[PDB]
Every structure is written in C-alpha cells, then in structure tokens.
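All chains, full assembly: derive it from the sequences and hints.
These are the residues of each chain, in order.
There are 2 protein chains.
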Amino acid sequence: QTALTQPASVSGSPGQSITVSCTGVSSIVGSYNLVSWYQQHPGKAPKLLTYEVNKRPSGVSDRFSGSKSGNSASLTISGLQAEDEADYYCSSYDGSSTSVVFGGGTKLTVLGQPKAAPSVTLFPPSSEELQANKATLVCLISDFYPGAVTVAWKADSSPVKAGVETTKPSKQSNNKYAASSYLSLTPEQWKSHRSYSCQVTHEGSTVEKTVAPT
Amino acid sequence: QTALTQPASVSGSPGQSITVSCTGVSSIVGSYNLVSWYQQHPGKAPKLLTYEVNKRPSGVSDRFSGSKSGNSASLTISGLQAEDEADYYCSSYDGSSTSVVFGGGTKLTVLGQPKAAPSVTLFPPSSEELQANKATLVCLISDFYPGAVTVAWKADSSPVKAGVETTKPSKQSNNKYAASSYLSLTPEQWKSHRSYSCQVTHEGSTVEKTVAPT
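Sequence lines, in order, name chains A and B. Heads up, the first sequence stops at 214 in the deposited numbering, and the numbers go up one at a time, no gaps. Heads up, the second sequence stops at 214 in the deposited numbering, and the numbers go up one at a time, no gaps.
You may find that some hints are simply not true.
To be verified - Under the rule of at most 30 Å between Cα atoms (straight-line distance), these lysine-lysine pairs were calculated in the BS3-like manner:
(1) B/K191 x A/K44
(2) B/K171 x A/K154
(3) A/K107 x B/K168
(4) A/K161 x B/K115
(5) A/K209 x B/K161
(6) B/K171 x A/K161
(7) B/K161 x A/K171
(8) B/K176 x A/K134
(9) A/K107 x A/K154
(10) A/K44 x B/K47
(11) B/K107 x B/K68
(12) A/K168 x B/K176
(13) B/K47 x A/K171
(14) A/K115 x B/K154
(15) A/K107 x B/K107
(16) A/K55 x A/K134
(17) B/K134 x A/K154
(18) B/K161 x A/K176
(19) A/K176 x B/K134
(20) A/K176 x A/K115
(21) A/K47 x B/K161
(22) B/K44 x A/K68
(23) B/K107 x B/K168
(24) B/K107 x B/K171
(25) B/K115 x A/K168
(26) A/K168 x B/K134
(27) B/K107 x A/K168
(28) A/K191 x B/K47
(29) B/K176 x B/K154
(30) A/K44 x B/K107
(31) B/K209 x A/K154
(32) A/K55 x B/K44
(33) A/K107 x B/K47
(34) A/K168 x B/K68
(35) B/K115 x A/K171
(36) A/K47 x B/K134
Calculated from the structure, these hints are not laboratory results.
Here you go:
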C-alpha cells in the first residue's frame, strides 16, 4: 500500500530528545495542513498525540510536539522516558487520493536505562493445594532490566528435567520486567527432597532462592 | 469511554463466519462513511482491510467484508482461517481533530483446540518474604485458552487497585496460556485483613480463589 515515509526505528536515552520525520505529507488537492501523530503500545489502540500539525489533545504531555516543513512533518519527543517506548505513526490527509494516508510506523526504543537485577520470590505449594493432591512451586521474577532472563530449577542440588513452564517477560507499570516460572510436582516428589530451588540468571549474574516442605 | 467501542475479544472455529462490531461511528462529527477496519499481527504494522465502510484495497480477500448500520459498523470474516487470528481495530475519520480515531481493538482467536478454563492457584506470602518485611501474593493462572483473561483482587470483600501487576498472557508448551497476577503489599496490610481473593474471569466465567493469613 501507499504510506507516508518514516524511519523504521529510532532510539535514545532518558532525558534525550528524538525527532521522527514523516515525508510525503503535502496534500495534493488543496493545501491541507492536517498532519497527526499517534503512539501505539503493544496490544493497545493507537492514541492521538498531535493533530493539525501542532495542536495537542488534552491529556497529552507537552513533551510531544509536532511541526511541519514543506513535504515533511516531524514529531519531537523531548525528555524521553522509558514509557515512550512504543510505535509512532503519522497520518496526513492526502488530496491526491482524497483519503487519509498513514506512515509505515517507527519503533522507538529507550536505551541506556539502568540495569536492575531481578527480585526473586519463591513460593512453596500451599496446604490448600496439597489437600488437592497437587504441589506447584512458583518462582516470581520481578523488576529486572533488561528484559531477558534464564530460569533453572533444582530438586535438592540436581537439575529438574520436567514440569517447568516459564512465561515470557512482560514490561510492567514501572518499566521493569516481570515473569514467573512454575514447577508442577506431585506431593510425593515435593516431600521426597530436602528442598527445591529456582535459579534466575540475568546478564550473567545468578540469583537463587530455596524452599523446603514444612 | 472512547469514541469507538468494540468487544475486547471473540473467538470462532476454522470455517465459520464471525462478525466484530464497533459502536459510536455516528457520534463522530464529520465521519461520514470514512470507517476502516485494520488487522494487526504481533509485531507487524496494522494492515488496512476495509475502508469507506465496504471497499477492500488490493490483495485483501473477499472473505472480509465491512458494513455499517446506524451507529455501528461491523467487519465480517467468512471461512475463518488460522492466519486470521490477530487484533482487529475499527477506526473513523474524526472531523473534530482532523484525525483518525480508533476503537479499542478486538483480540480474535481462531479456535485450534477446545476452550480451556484457567487453573488458578493462589499463594500466600512466603515466610522468607515476611521475615524480609514484604508480602506479595501470587495468583497463578495457567492452561487457559483462548489466551485472554481479566483478574480482580479483593482484600476481604473490598476490591483492590494499588499494588497489582499482571503479566501479559504467555503461551505455554501445551499450547495453552499462562500468566500470573501478583499483589505486592506490606506485611502489616497482609495481617490487617482476614482474607484476600483472586477473581479470574475467562470466557464469561469468573473463578475465584481466596487465601487467609494463618
């Protein structure tokens, strides 16, 4: 399809400014100045940031400002924050097609954020669960950055070969990532070891928690 | 709440027809017939399926058809295929901001196995945690399909907001989904009540587990 031209990606550190360009805006029939910019976070609807080139909706930070220069429009994000990581799109009312044309989208990554080792909380199977004749261990991994981690489980000091499920890390409200891993065991297995452990490796550093029947 | 509203999610089987509807198009000033539907697959840019209510651009299968009746517009997909699983957004031109406004999106699942309700296991704060003056409860939600759920926390019979985080449903190895919702609260607050409840809602049904400090 046809689209306005935007760079595929941009990146900057907190506090910096990023300007995303959008070319091909000039309306053909008429001299429309109808350029808008939208922000889209994963799995959510695009949200309007600016319209009519430089007007901003209420609710939108003044760190976002739009401008135009001939056949090109720009969105400048001032004082970048980790929450700005998202896809950004411009749109323009084209006159040549009599309709609205969108840009191809620009993915924005906020680099230079501070490394944060994960917090690890390990929960043994509860009495309630044992009454149902099942035993599940949950290893909660939170507030780490960057968002990549490796999780390994041990029964005493030996590697656990089965029953492990670990979720893909997701960015939470504080811009750090969370994930959980759970190990499904039979109560016999749970009771036949002195302890079980969750080992979480982040950026080459390993954090480990252990828990035992009681 | 928003200018355009549509269901958070819907599911259908391969071969069937399904219709997703958006309401609010007539309330938008200057929308006329500028109603579009977009399909968006994870990580990809949104793809335009229909515009001007019922026209399809080049390449879009005639399995997709848009319609409009009054204050609602609908996208009907016939002969549902697995590649149709994706997020769908309606949008409309909005003369008040000379911008396009989008509906909130509908997550469409093309059923590939029977619907499976969530396994919900709730864990009270571990002792290691308490001795470290922290109290996090975790609501493990596993093996559900379709991969969409809503969770509600209740400290006694009072809903809770603050301190809640929930990972984006992640797909397990058994092809079902899993996620955990954790409530971080101070040990004091943990004692303060007699119980906490995790209320998971999946495909209409809302299962609930409750734990007690003991």
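Results for each hint:
1. Taken as a hint, the B/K191 and A/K44 pair is broken in the structure, with Cα atoms around 37 Å apart against an allowance of 30 Å.
2. Of the pairs offered as hints, the one joining B/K171 and A/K154 holds, with about 23 Å between alpha carbons and a cut-off of 30 Å not exceeded.
3. For the proposed pair A/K107 and B/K168, the alpha carbon gap of about 20 Å is at most 30 Å, so the pair holds.
4. At most 30 Å may separate the alpha-carbon atoms for a hinted pair to count; A/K161 and B/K115 meet this at roughly 29 Å.
5. With a C-alpha separation of about 29 Å, the suggested pairing of A/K209 with B/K161 holds against the 30 Å cut-off.
6. With a C-alpha separation of about 20 Å, the suggested pair B/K171 and A/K161 falls inside the 30 Å cut-off, and the hint holds.
7. At roughly 18 Å between alpha-carbon atoms, B/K161 and A/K171 fall within 30 Å of each other, so this suggested pair holds.
8. Straight-line distance between C-alpha atoms of B/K176 and A/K134 comes to about 20 Å, which keeps the hinted pair within the 30 Å bound.
9. Our distance criterion of 30 Å between C-alpha atoms is broken by A/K107 and A/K154, whose separation comes to about 39 Å.
10. Restraint check: the Cα-Cα separation between A/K44 and B/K47 comes to about 15 Å, which is no more than 30 Å; the hinted pair holds.
11. Between B/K107 and B/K68 the CA atoms are separated by roughly 21 Å; this keeps the pair inside 30 Å, and the hint holds.
12. A hinted pair counts as satisfied when its Cα atoms are at most 30 Å apart, and A/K168 with B/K176 qualifies at roughly 14 Å.
13. Between B/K47 and A/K171 the CA atoms are separated by roughly 25 Å; this keeps the pair inside 30 Å, and the hint holds.
14. Taking the CA atoms of A/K115 and B/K154, the gap is about 34 Å. The hint is violated against a cut of 30 Å.
15. Under the criterion of a C-alpha separation no larger than 30 Å, the hint pairing A/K107 with B/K107 is consistent with the structure, at around 22 Å.
16. At roughly 58 Å between alpha-carbon atoms, A/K55 and A/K134 are farther apart than 30 Å, so this suggested pair is violated.
17. About 25 Å separates the Cα atoms of B/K134 and A/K154, which keeps this hinted pair within 30 Å; it holds.
18. Straight-line distance between C-alpha atoms of B/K161 and A/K176 comes to about 19 Å, which keeps the hinted pair within the 30 Å bound.
19. A distance of roughly 19 Å separates the Cα atoms of A/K176 and B/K134; the hinted pair therefore holds under the 30 Å criterion.
20. Taking the CA atoms of A/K176 and A/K115, the gap is near 10 Å; set against the 30 Å cutoff, the hint holds.
21. A hinted pair counts as satisfied when its Cα atoms are at most 30 Å apart, and A/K47 with B/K161 qualifies at roughly 24 Å.
22. Only pairs whose Cα atoms come within 30 Å are accepted, and B/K44 paired with A/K68 is accepted, the gap being roughly 27 Å.
23. With a C-alpha separation of about 13 Å, the suggested pair B/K107 and B/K168 falls inside the 30 Å cut-off, and the hint holds.
24. About 15 Å separates the Cα atoms of B/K107 and B/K171, which keeps this hinted pair within 30 Å; it holds.
25. About 22 Å separates the Cα atoms of B/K115 and A/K168, which keeps this hinted pair within 30 Å; it holds.
26. The suggested pairing of A/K168 with B/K134 holds, with an alpha-carbon distance near 25 Å, which does not exceed 30 Å.
27. For the proposed pair B/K107 and A/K168, the alpha carbon gap of about 19 Å is at most 30 Å, so the pair holds.
28. Note on A/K191 and B/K47: the hinted pairing is violated, with a Cα-Cα distance of about 53 Å set against a maximum of 30 Å.
29. Simply put, B/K176 and B/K154 have alpha-carbon atoms about 26 Å apart, close enough for the 30 Å limit, and the pair holds.
30. Simply put, A/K44 and B/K107 have alpha-carbon atoms about 10 Å apart, close enough for the 30 Å limit, and the pair holds.
31. For the proposed pair B/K209 and A/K154, the alpha carbon gap of about 28 Å is at most 30 Å, so the pair holds.
32. Between A/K55 and B/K44, the direct Cα distance comes to roughly 28 Å. Compliance with the 30 Å bound is thereby established for this hinted pair.
33. As the CA atoms of A/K107 and B/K47 are separated by approximately 16 Å, the hinted pair is consistent with the 30 Å bound.
34. Proximity of A/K168 to B/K68 is assessed by CA-CA distance (about 39 Å); at most 30 Å being required, the pair is judged violated.
35. Of the supplied pair hints, the one linking B/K115 and A/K171 holds, its CA atoms being roughly 27 Å apart against a limit of 30 Å.
36. Between the alpha carbons of A/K47 and B/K134 the distance comes to roughly 36 Å, so the proposed pair goes past 30 Å and is violated.
When each numbered hint is compared with the structure, violations occur for hints 1, 9, 14, 16, 28, 34, 36.
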